[PDB]
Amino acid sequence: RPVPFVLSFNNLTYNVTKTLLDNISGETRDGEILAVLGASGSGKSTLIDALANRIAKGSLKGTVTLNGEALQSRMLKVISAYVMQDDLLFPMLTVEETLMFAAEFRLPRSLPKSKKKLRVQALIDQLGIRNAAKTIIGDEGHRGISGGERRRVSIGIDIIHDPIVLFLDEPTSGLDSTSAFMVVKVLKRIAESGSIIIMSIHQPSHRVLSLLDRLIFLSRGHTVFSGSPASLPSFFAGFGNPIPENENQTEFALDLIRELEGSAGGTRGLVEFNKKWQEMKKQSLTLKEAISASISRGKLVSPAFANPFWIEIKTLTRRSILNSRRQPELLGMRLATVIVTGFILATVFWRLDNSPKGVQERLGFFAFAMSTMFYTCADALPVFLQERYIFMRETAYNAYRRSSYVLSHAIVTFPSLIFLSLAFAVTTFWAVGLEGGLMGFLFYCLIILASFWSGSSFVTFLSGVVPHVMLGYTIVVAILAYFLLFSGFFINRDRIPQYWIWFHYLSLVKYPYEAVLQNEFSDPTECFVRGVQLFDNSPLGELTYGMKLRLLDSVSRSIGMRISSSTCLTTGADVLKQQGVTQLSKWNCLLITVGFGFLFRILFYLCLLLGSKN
């Protein structure tokens, strides 16, 4: 009643030299489940990777055939689906929405959402999940569905377009033996429609072999047994190792392979008996209209991408402002280190005066404040490396572009950066007593938000060159401490040596720290040294007010000027010349702060161009 398909791979030789696979031939129908078995890395996978064309063309030789005719990689990516050995899903997003996000990414948009809603409703019944249709997927801290019932969802994402041939790389690994049965029970329920399934089971159970209809055993790139599980007693009995009854088949037959991994035993005594066993059982058409008949059966619901790049952006935004709504303790940890640091910094540096020490306390406030923006965003390396393992899975199916992923991941962090930036700028502006009034408050809000923007762009760029969270945190703290050393606070710009001046200008803390200094120390009325404050902290300077004016009028008798106690010697424009903060305006220091944000999002896109292509 389905349309009959025949996949028949032949003479596969995969070399890398290594000769990792050597002369594997096979045949599969629909209705059946071809299971490929191996011991611990025998080549069970790298045969699933070889039949899905996921290795190389040229390093594999051998005709892969479907319906008795040749097969190229253009047809096997609209017709097939490879299910990786993971469950990389978002921890929120209940399982009607996980499969509806994967619906709109991958099913074409010429379909209405009305037909697309029942395709997910057909799939949610074909899978054995209706108790979990309204419950959260639920990672280790927010438990919401079962472990082997997550597996039918990640399997179900890849069958959103209802493929014909379905490659699965160990779909029952890490599952208990009674939920791994219902995985293979719904897999044959998929295969009871017009579907070919080539999966690589690691050590099947006993109740599962009511479903597997054809087996292949591999010993380091050589086939050892190839046939039905009913012929599995009759094969091993005729080889010289009979089978114990009332005992689990396909386990006795599999560790007997492993005992022949000895020094002189060898499975080479099995590879030519496998060649003589095939000879004794010979007892005795335009696939694109067979595909077109199998589209009209109801399969193959699925262009390079199924959406333009302005619908993949609002699908990836809606998916991540809904995954982040349902756990508001990520913006309760990036906000309880901004309110907490904003309360500490505003009460230590409470109402700083116009003193020579209060000037040096402003530079110490502005360097500790403008480094909080770069550390606060470092507490997203858990979630930034949580996706890009989901992105690397979803771009194998061409669900969205990599350009459309960076532009959507930059957008959704930005409403949570505006609220962190005016929670630090409301706390530490009227308490520290910063200068500017209101147009100098809005610049303080702007440069906090632009330092959150380039500090979250820098650590989303590193999350994309690092493999794990803990390595990409001890070099986030190490780089953002060398960015602070070179900001011009610890050592000024004109005192940094010539061989280190390239890294002064490449510092991400240099440009916001120099922007809050010109926002604060540019006021012609504010005076930090007034006349008889000239002699304060030198040995000349512990005098009294009486002889200070004779000391000050005598200086007036030496240059030709007239200096009094109302002369306003050191303004705010001379504080900046003492620090070397004279090369750029505060808006050009706000431009380079934003322009280093956009640099690590173009450099992030190029590391998605390399690490996903390789």
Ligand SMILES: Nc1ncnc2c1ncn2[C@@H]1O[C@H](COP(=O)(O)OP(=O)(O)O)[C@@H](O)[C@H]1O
Second form
2 protein chains.
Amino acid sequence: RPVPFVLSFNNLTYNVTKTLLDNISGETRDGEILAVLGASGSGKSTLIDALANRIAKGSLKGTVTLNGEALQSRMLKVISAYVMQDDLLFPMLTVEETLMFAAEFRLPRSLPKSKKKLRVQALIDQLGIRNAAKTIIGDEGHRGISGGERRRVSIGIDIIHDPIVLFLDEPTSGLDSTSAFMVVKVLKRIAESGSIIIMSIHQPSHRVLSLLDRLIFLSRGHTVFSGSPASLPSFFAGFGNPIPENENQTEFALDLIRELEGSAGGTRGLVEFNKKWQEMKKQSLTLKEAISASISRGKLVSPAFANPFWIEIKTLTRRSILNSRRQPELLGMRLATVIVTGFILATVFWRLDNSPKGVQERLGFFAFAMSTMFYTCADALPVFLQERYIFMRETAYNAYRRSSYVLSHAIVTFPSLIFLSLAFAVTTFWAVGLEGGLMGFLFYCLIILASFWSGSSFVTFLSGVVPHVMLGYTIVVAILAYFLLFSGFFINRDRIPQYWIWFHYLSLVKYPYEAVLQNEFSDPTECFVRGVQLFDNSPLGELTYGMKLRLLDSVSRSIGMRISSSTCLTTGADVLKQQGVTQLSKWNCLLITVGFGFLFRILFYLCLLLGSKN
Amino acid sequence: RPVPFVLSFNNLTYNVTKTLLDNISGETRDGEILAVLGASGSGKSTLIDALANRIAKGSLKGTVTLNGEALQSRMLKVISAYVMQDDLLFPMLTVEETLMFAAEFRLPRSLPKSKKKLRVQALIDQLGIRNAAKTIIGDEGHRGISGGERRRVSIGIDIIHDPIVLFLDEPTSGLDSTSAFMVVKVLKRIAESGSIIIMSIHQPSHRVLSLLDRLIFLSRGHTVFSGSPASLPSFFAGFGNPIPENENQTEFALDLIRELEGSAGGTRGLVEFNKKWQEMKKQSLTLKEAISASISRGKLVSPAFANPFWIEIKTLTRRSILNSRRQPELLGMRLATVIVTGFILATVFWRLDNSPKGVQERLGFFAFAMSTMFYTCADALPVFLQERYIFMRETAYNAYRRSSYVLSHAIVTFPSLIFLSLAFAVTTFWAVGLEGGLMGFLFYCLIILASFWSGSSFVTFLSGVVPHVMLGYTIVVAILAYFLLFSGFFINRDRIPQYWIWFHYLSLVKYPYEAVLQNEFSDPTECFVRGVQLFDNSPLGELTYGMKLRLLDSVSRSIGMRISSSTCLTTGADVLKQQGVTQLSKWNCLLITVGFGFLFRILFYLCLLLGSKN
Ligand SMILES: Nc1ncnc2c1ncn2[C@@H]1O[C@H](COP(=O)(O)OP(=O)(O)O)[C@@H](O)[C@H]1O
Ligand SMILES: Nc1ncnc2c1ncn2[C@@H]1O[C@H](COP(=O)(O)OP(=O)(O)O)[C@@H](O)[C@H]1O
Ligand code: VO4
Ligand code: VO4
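Give me the form deposited with ligand ADP bound now, not the form deposited without ligand ADP.
Complete assembly follows, chain above in first position.
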């Protein structure tokens, strides 16, 4: 005993000149699986984008009406669901967990978790995925569910709130003949409890034609057949091309059209025959209370967001913990890239002396060290697009906010970055022989952690801007190399030209590099030229030890300073003056590294706003 | 009027303990499309790997026999074809071009090109791809042929020599119901001219069961049904589970097995019933001259390789030219990465002076310049795996040699690297103000070209070793950073520790870097300390210009040399002695850069030998 809903769309015209829809009529009751057949550019993903109100208002001339209140974009978020054309699921999540996260995101917080689990277990029985309810989804290399049980979990995510109107953009694409029948057979099970189901389909099997109660064929818009599948034999015989038996009728009715548009003819002879056939077959409670009559039976489980910003920030945290705990070779390869570089940098630069050449090796250690923190954060660019192609699916239903997505993904990566910062610091502080003691080691861990934080935020920012993972990881390798060229190591700040001293201050490597130099070269006790080391690698004065002091006493002719055999002519403060590291403190250079991390998480949030407009 | 061939395999047992095949019997005449049905781990890609002789000899107990001479792995290279399970095609090639390259690779050179084009045009009519014969194949973003016309080109490549025995590993996987019927319908057209076709199939449609004349069901080996599809209703009724009508017969016979293996029961009740059914149904010219009788009709178009090493080196050249000419945004992104870095490096290091700090900026220019040649060659790692996943397909047929593949792919990239070497050299020689004149510019182009050649060969070598494009481009970014740390720029050769002075000499960046330093700092006229530059950035001697000459005359107290106000205390030969660039000439450092390129193309060739063993 369902509640009857009648989705009637009378005339549709969408022009982008180039028209895409032209006077498509339709009428679909509950219990029916109206199918929109067509071509690969016919615009059948545009027709159901116009019934789901997913195009601009005012650019769609005509009415899409339910039984009652005109069906504008206020009811088509509580009672509607639009299933897109992919299976964008997290692969380390089981089928019961994937539908329970969608239940915790979109079902209201007034429901208990025992009632949200009762919705998931009733949905797993409905989709026919009870045998794979505890099997993970799986990508190409993790041995999960099949390709046609990955579609009913994709369908099951969008119907977790139990809609009474269901749009699907090609739910049988990519599947074989025996599992595309299983998808429409559970859509028939959905559309017998009261749902209106409107789907696109390229080439249906003969088994899925007694499930579909209505068909619509499109030809660059321009509906050429619109009726029951049983009336499809007695439509083209009147047109001029009768169909033979022992042949799929929708197969013959589709390849006939793709040779009929011609060059001198056209589909116009077939368009005007469609309105001929619809004219001759006619000789044969409010909406808001009908929606509430569905909830009395129970046909609608579900404010803009069902959860507060602090509830959906612990659910997105629990997803990202579970998706990385079950995928541990991601922080096994990023961990053994900072340990391998940490072991290499510690043994090459092992216990650097206070020579003038051992000072330039500190500048070369700290430039290679602080660039590892930015290059190992670029390895996470594969699983940053994968988490935001699923985010763009779940933003259409308002499962969570964009603020709760950016904040909960800055949170889950941070215990990973604390472990990467201690692994790189205990390998390279005591082995390179860095200065500071223990309070210089704690700052060394803090500036590695801020460089992991500023580097993860930049690669996160460079994932709302790049489409591809190979274009993005070529661009981020090139840009971080320019951040290293402008860090002040290859060319100093007072030597960079004036048309280029703006990307020096925009360098992400500069402020970690300038903070470890004055963590290391800030000590009045350590010395790098002890009086005799003036004339050591000079172009003169290659003496044994004698008569160098007479050269040092000869310096007192011109200045008056009494230079002895050990007088400490170069401290660490003179190294920083040679390199130009004088403008900011090491704590101010730590704030800019933390501040550049917060900047690129805000700019990532602003690129999710403009990506929502697309 | 075909020539009858009867492929009879009587008993097969393959053990890897873990038995994978157990006593599979079969008998397939010409004109029949024997199908091997099963599960997702049943080992039905192992049964046709044992009929194609693609497993180890002696590990397969039993006979796979044709009508005659026992069918060992000498006839299964001329008369056989094994179609694997993918569509590994170059996407910028048209359908007529993709089959003409396979005709130029595998048809004998005794045939004219007019007879090889007559084979391709007869094959395009046979596969039913005449409408898409001049359409390109296309990847996900280049708008090519469909997914089920990409399979008949994949099938059409392997049957270009017109085999009389055809094995296919799942030729209907990934397709929909209407194009998997089109694949078996052209296989029915192939297997009416005289071919024996043996294919694996997961779930066949009801239309493809009157084309298949024989079926074999497997259950972890262990053939459970082996007969005609019409005898499939009258097999399970005798077993104990009769099938209802209006139901696909192979659909019910497959999900019955996946619930029958149980935990306390097993498929053993179904295995021993298969030999029951085969016993009760039986109550109802040499091979070498039968093969030559097929060529009399014309059923075999096709030495180990059909072409010499110089003919298939111009065909692989013509493929790689056509695949890159029609994909020009590959050398549009690698070109605008050496021009953008070339413009950045030329304007930052614009006209470097002869200061002591402008010397260290030359070492920083040349380290960043010579590392661009290795990092921009790592962008080609996507299309290096794609060209060698297609190479592993075409090595199984001996379409070309491994030597002709390595040599023709070192050849086609070289005019691309000459243009990248002139684009980086004319941007950065005259703008940075490098020394040498015009004979120092020609060496500058040669060492950029050798660094592009040594860097392309290393990334080519690191594509037979890595499976994945993201693992490989993380590894090659990390290793080339270690080639740069050991180049002698970050730490000099005489300062690198003795447990690490073997990766310094294995550094790929070291020899380009050491060759441009003694192309630049090898001039007895240029000078970097002109007498007064002793005490200009010293910790003392900060005079105006006066009384420094008394300090310089004071050097003659202990040395005896008359140091004047302009005496050239540091030439370019003293810069190279400070950096340790003394062991090799710039022409010897150019030979090691060219020699490291030839080393990594030999090691790439040796990794294709060991990849053939897998
Ligand atoms: N989201 C979109 N934004 C912009 N243009 C679109 C969008 N979707 C489709 N189009 C365009 O609309 C036209 C009609 O195609 P469409 O009806 O979407 O095809 P199909 O029936 O294959 O799904 C195409 O030219 C396509 O480029
Ligand atoms: N080329 C191969 N090398 C090694 N093991 C293989 C190979 N192909 C299959 N196997 C193994 O053989 C077993 C049987 O699977 P198989 O018969 O290939 O399956 P399917 O019927 O799905 O093609 C599996 O455990 C698989 O790991
Ligand atoms: O171009 V459409 O594939 O979405 O049929
Ligand atoms: O594991 V097998 O897919 O090759 O059916």
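Residue numbers count along the first chain shown, from 1. Under this definition, the rigid core comprises the largest set of C-alpha atoms superposing within 1.5 Å between the forms.
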{"query": "Sole residue of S556, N588, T570, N53 shifting 2 angstroms or more in CA between these two forms, core aligned", "finding": "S556"}
{"query": "Core-aligned CA shift between these two forms for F239 (Å)", "finding": "2.0"}
{"query": "Shift in Å of the C-alpha at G269 between these two forms after core superposition", "finding": "1.6"}
{"query": "Backbone CA shift between these two forms, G68, after core fitting (angstrom)", "finding": "4.7"}
